Amino acid sequence: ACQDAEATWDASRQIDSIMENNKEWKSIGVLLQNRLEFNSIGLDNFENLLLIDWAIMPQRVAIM
Amino acid sequence: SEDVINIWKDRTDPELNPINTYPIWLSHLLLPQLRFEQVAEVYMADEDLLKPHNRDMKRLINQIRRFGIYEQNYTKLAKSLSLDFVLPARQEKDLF
Amino acid sequence: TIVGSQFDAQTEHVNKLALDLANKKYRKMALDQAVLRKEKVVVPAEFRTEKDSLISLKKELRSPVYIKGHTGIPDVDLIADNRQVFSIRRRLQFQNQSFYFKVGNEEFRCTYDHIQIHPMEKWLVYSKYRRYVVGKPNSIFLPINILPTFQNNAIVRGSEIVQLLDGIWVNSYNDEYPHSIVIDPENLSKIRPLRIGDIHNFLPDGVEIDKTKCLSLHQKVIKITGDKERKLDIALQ
Amino acid sequence: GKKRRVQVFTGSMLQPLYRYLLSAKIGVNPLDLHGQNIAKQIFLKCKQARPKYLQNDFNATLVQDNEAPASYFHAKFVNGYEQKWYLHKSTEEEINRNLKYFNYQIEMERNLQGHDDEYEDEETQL
Amino acid sequence: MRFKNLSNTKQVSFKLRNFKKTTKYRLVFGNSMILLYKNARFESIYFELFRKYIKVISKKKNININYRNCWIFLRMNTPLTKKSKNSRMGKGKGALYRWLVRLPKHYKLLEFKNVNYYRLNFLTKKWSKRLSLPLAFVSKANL
Amino acid sequence: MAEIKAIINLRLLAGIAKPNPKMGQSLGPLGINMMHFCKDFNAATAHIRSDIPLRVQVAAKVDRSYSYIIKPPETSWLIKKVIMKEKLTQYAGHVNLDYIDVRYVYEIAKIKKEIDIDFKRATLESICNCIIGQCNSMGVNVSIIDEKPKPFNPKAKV
Amino acid sequence: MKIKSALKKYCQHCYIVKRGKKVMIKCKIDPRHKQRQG
Amino acid sequence: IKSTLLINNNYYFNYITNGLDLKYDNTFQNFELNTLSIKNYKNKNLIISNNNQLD
Amino acid sequence: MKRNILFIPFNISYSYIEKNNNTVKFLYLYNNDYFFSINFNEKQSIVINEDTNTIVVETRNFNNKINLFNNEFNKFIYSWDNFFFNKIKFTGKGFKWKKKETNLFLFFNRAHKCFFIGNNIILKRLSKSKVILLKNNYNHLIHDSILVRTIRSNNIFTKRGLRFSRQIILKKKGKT
RNA sequence: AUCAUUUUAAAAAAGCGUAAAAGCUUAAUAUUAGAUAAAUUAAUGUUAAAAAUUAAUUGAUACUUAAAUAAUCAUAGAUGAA
Ligand SMILES: [Mg+2]
Ligand SMILES: [Zn+2]
Numbered sequence: 574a575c576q577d578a579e580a581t582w583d584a585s586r587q588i589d590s591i592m593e594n595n596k597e598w599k600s601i602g603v604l605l606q607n608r609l610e611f612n613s614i615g616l617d618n619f620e621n622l623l624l625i626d627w628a629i630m631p632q633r634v635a636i637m
Numbered sequence: 040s041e042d043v044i045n046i047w048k049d050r051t052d053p054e055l056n057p058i059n060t061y062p063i064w065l066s067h068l069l070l071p072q073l074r075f076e077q078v079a080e081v082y083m084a085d086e087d088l089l090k091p092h093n094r095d096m097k098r099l100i101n102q103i104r105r106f107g108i109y110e111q112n113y114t115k116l117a118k119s120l121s122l123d124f125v126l127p128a129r130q131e132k133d134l135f
Numbered sequence: 026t027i028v029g030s031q032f033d034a035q036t037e038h039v040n041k042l043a044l045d046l047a048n049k050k051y052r053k054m055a056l057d058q059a060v061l062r063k064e065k066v067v068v069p070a071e072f073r074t075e076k077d078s079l080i081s082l083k084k085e086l087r088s089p090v091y092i093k094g095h096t097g098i099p100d101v102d103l104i105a106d107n108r109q110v111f112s113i114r115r116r117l118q119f120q121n122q123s124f125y126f127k128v129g130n131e132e133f134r135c136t137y138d139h140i141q142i143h144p145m146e147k148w149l150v151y152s153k154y155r156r157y158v159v160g161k162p163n164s165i166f167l168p169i170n171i172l173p174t175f176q177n178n179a180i181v182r183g184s185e186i187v188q189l190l191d192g193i194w195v196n197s198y199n200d201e202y203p204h205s206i207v208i209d210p211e212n213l214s215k216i217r218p219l220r221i222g223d224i225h226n227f228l229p230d231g232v233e234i235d236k237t238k239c240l241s242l243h244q245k246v247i248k249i250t251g252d253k254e255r256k257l258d259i260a261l262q
Numbered sequence: 059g060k061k062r063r064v065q066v067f068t069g070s071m072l073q074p075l076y077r078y079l080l081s082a083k084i085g086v087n088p089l090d091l092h093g094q095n096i097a098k099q100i101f102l103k104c105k106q107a108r109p110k111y112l113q114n115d116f117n118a119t120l121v122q123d124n125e126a127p128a129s130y131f132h133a134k135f136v137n138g139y140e141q142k143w144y145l146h147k148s149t150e151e152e153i154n155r156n157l158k159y160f161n162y163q164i165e166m167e168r169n170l171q172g173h174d175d176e177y178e179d180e181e182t183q184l
Numbered sequence: 001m002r003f004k005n006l007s008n009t010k011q012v013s014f015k016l017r018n019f020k021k022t023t024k025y026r027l028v029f030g031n032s033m034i035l036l037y038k039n040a041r042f043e044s045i046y047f048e049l050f051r052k053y054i055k056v057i058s059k060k061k062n063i064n065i066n067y068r069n070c071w072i073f074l075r076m077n078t079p080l081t082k083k084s085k086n087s088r089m090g091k092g093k094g095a096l097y098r099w100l101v102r103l104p105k106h107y108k109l110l111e112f113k114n115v116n117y118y119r120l121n122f123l124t125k126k127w128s129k130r131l132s133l134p135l136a137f138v139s140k141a142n143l
Numbered sequence: 001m002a003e004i005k006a007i008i009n010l011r012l013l014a015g016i017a018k019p020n021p022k023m024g025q026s027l028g029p030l031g032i033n034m035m036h037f038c039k040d041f042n043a044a045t046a047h048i049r050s051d052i053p054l055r056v057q058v059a060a061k062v063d064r065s066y067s068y069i070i071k072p073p074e075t076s077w078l079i080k081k082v083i084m085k086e087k088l089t090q091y092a093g094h095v096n097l098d099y100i101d102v103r104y105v106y107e108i109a110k111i112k113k114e115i116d117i118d119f120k121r122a123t124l125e126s127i128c129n130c131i132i133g134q135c136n137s138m139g140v141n142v143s144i145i146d147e148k149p150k151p152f153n154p155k156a157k158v
Numbered sequence: 001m002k003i004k005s006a007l008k009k010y011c012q013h014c015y016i017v018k019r020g021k022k023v024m025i026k027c028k029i030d031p032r033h034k035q036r037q038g
Numbered sequence: 048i049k050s051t052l053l054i055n056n057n058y059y060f061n062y063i064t065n066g067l068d069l070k071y072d073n074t075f076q077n078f079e080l081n082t083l084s085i086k087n088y089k090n091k092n093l094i095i096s097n098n099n100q101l102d
Numbered sequence: 001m002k003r004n005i006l007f008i009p010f011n012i013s014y015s016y017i018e019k020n021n022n023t024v025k026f027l028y029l030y031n032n033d034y035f036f037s038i039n040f041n042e043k044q045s046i047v048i049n050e051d052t053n054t055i056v057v058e059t060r061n062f063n064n065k066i067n068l069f070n071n072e073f074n075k076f077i078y079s080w081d082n083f084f085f086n087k088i089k090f091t092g093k094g095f096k097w098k099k100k101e102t103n104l105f106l107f108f109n110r111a112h113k114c115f116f117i118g119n120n121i122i123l124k125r126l127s128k129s130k131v132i133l134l135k136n137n138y139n140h141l142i143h144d145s146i147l148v149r150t151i152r153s154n155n156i157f158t159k160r161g162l163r164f165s166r167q168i169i170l171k172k173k174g175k176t
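Residue numbers (the deposited numbering), protein chains in the order written: chain AS, 574 to 637; chain AN, 40 to 135; chain Az, 26 to 262; chain AM, 59 to 184; chain Ar, 1 to 143; chain An, 1 to 158; chain AG, 1 to 38; chain Am, 48 to 102; chain Ag, 1 to 176.
Hints in this document: simulated from the structure, not taken from any laboratory. Heads up, none of these hints are tricks.
Not the full set, but computed from the structure, chain AN residues with beta-carbon under 7 Å of chain An:
1) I44
2) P53
3) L55
4) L65
5) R94
For each residue, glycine too, the CB sits at the ideal point set by N, CA and C.
With these hints in hand, go ahead and build the complete structure from the sequences.
Encoded structure:
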């Protein structure tokens, strides 16, 4: 019953909007990248259902 | 000199160990590295057993960048090759 | 590849989207080979007259059309544009899909049977079709399309499926009829291949086989080889 | 197939552009958008290119000068010539014909001095 | 002529001073085919010149196919007699020197089953240039 | 001058580099001193066994200058050691008979990575997948084996 | 030169030139490839 | 997502022809040291970094 | 579209003029010695740069003659206070010349006389195997330079004979 | 046999080349500038959403399938355009 919807389904489509209208996201994001050092990724889609606000891998880490 | 891999005279022979001792990515080698071609047939049946790991995708794409160049170079051959000569065939080659 | 390896190692986990997607299409197609899409197609056109000769049309880039009818039905012959005709091919579904023709308020179902092209000149001569009516038998071509199965044990290793027939001719008596046929050959083997009667037993009630076209139900489609090593060891020894 | 036996030589008619240069100085405003990238490409052709067809003392540079009016391409030739070409409006093609307008003359100056500034015929065939 | 006793009997057939026939072409066995496009006397050397070049296509080493590729139906039909040099007219009919095939307009010379589309178009063009006849190549794709 | 005239692949023993006349056919007409050349080779490869054949490249230049570069031994030769055979299959794919186990592949890949300049950017999965395709062309397979092999010294043309 | 009614290009470098009703081929490499149509 | 969050941008570009001038000195170009934010997102020569010096 | 380019030297200074009616457009070149004008149709649009002394042209009329219009216009201006130049050589055994006041004497294994006489040129010898010509028109030069060439030219077997200093030379093996 | 890796991209190569090597060019591709991407048809009345729309045509450009029309050439004899 969910077959057709999941085909076209993608969570990453939300990225271009959240990159604009969320200052809480960027300002701490600035700190993660510029100043300190980790293998940060950014918005990473959790099995096409969520997009984690900030994450680190392969350690399966989340900063929501 | 009872050396198996030792190129350096100074070093010693790295000895075997249990397979669990090594990183996981050796396990992805023993499995049959599929083409992207059979891999779709797997997805046609949704065989949960055989499915590619993540690194497989890069190698499948490099089959696919390289297969596109195989056709473009074939079509030139099929159209410009003198009838005296022979084409390579695209089927199996049963010997004996 | 398109990104350096050093960055890909950080993002090796990302590629699940790649493989999780290909689950969806190739499974969807593999199960949707059988079904006609539920979408109406229409072809505006005009009647035939004795005035409109071929070569007159063919400078105007129209085309003749021909329909063969069925029991008790009269034939119909029409005029249409070429670019309509090729667009009708250009669907997936061309072998069987139901196409209508609107002359005026009237509509005439049809199917594709074939087209003739003038081979030395390579322009469209005519576009031939076959009538379809609901309450009466109607010739259609049901292609056979075999799925892969990693559930059988002989199919997986060193054996080869052999599709001796591409499709089946039948007679349909109802509105919606199946596009094609799909088979799961697990229970098959070298010992028994599939035969047409194994299909005749499994069809809807509105369908029947056109015995006038086929030879015998005991005819067989899918055949399976033996093992290769059991040959190869014997070949060398 | 078959072996060529006629050898057509095209070495003497080879006339590259940056050959009579001694130096170069790229100038960049970060406020240009058309005059930046034009100078990017030239700096490559000064170093990415081959050193045979350049002088031995050829040194090209790049500097970010916010104070300039426009991004520039300053240049210096062998026999004394020196110029500047701003780049906020021009193209890469309008520049080359200026370079020919110098390089065509330096031959007329150096040949009179006796200098063979030409290449062997065997350098590039067709 | 008479097909009953070919080798034994002596054979004669009328030259046909204006013989024209068209036979509606259609594929039966396979996918692609070559067909003739003009009434003509098809020799044998018109075939034997480009006989190998079909084998190189349809047949290849170390590959086995169960089904059949080519279907040919050519047979000789016309004896093509002739007189000697210094012979007056009358006093009978001439003698033999060859045999041929009188083909109609739309004649399936060859019928193919899954053979390389790209080579047959390269073949039939060269075929038709030696022969100077109009020939065609057809595939179920274009139709 | 610094411009590259030519490139040559070679094969050499580590400490027995010597002006063999069967290498002057390549380096003769370029005017390179085989003696002065082989000196700088044997000097570097003193930390390597002398039985082993390596390979090297030489960017021969327009002034008959040179700049030698060293690479690991031939990847095929290394496997013939483990496999204890000298000659491999005519055919490939159809005739598959040989067997290595992964636990040496993981060790001979390090050979390539520790030395070869091309793989400095690369990971180990990458390198290990390179030889498996080289193994498909040869009649070789990767299967678990508990045992160890015994020594063998497969030939090299030198 | 050699008069070919049916002209033909042997090498890629061959090219066509038309001087009035006159037609021919020329090559920058092999001067034997050149032709005329008559 | 990195390109928006950078502050001290340092645009770079190559002037490489081929690695033969570097291989034949047993050298090469590193990117593990200072694995940077961006490499060749749109312009397939550009690199961006924070470090005002980058060797 | 091909947007042809008109070079202007540095010694030259120019102006561009139009009517109030804007139905006429023309251009004026002016030097210490000379002056020269030429118009542009309503269908030719124009762009100018003082940065390069180059002018760019589009043509809605799609006339292909403009590509020749350039070379005349370009060279006709550089023909003011600048020369064109060319150089000639030879290589051989029994070859020589002698030079006396734009009257060049050639001795290349020929029974007859081979004088070359220059009307309104410059000719100055730099070595035994080299001589430069100079003149303001390019088309008279080649007619002046090529007459020297036709006495002996490059053998296709050996590069012995005369030749220009920039040319396509042919070679063919012989007597291996 | 047609694997695999590094690459922004690069064929166990579609070809020339070599005693074998070397060396040259296409496919695939980047930087910069110039620069084509324009017109439409049919659907569930109004409520999902930091978000996502199907079937389909015509036309500009390049690759590709190819055919048709028009002009030109496709050597000419023997009393003199004929
Ligand atoms: Mg390769
Ligand atoms: Zn040519």
